[PDB]
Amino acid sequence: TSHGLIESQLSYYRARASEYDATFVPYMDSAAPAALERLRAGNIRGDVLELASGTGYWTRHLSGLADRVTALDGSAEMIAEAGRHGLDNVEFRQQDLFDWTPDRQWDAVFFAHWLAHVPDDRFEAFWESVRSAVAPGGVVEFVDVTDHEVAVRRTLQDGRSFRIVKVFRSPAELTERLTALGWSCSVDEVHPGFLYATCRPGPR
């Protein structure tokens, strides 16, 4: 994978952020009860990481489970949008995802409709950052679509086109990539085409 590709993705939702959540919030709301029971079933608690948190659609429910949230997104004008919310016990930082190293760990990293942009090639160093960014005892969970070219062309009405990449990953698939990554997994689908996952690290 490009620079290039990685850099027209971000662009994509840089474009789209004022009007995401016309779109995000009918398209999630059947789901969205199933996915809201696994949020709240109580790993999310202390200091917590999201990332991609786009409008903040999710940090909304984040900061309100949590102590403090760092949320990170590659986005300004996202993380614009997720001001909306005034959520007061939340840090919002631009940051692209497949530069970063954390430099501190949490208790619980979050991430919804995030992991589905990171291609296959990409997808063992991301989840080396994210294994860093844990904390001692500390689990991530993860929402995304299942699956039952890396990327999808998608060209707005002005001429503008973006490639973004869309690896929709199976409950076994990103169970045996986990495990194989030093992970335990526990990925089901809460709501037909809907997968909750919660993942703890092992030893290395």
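Heads up, when I say rigid core I mean the largest set of C-alphas that superpose within 1.5 Å between the two forms. Numbering follows the first chain given and starts at 1. First, how it differs from the form deposited in another entry.
Annotation: the position in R177, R38, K166, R154 displaced by at least 2 Å at CA between these two forms, with the core superposed, corresponds to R154. A displacement of less than 2 angstroms separates the C-alpha positions of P136 between these two forms, with the rigid core held in common.
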The other form holds:
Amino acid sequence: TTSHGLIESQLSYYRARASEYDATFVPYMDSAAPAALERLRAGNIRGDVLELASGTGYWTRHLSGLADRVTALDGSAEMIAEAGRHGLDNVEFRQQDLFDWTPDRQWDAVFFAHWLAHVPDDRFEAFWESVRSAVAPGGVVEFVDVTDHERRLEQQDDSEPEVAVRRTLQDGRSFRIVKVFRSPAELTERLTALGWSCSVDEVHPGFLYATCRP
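Now show me the form deposited in another entry; what you just gave was the form deposited in one PDB entry.
All you get below is the one chain by itself.
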């Protein structure tokens, strides 16, 4: 069970971090981006695209050049304000808490970068049900995230794994968030059991890219 207090802490961390977010971005994402981009540019991101947890809009920029229309959901109005600065004409932002979310449309593709590791085990399944209902017939879900090597989990052998890590902002405020590293095989297996077909690959050391078809 992941406490609701961890989940609120994570969203406030990002709320408060939003204005200094780009000063640090996601560690080493800038090293892994061309490798991830080879997958993102493979052609499945097109038509009407949904982006979840769009943050300050780094991925939203790429999604915007590939798609006709982008709908981009983030839990933080602050993040949405920062992303607004990129002036992307074909993008609508909506504030939305992703742990309390029932889509009412469908899109040709759904994309998220570094969101899934902030979804704890006990919410993973309801989150993936809503994504499933968000994807149109013929569409895919793609995402980027951190990964670990397949054997690490057994090397550690922890029956009660630490879901959380603690971060610190420029001004010294301290917040715990969810950070679950999942291997490509562990993700593939779990999503396969929820009815998805998945191609999940480490495309650069420490990063994976996934394509999942409902």
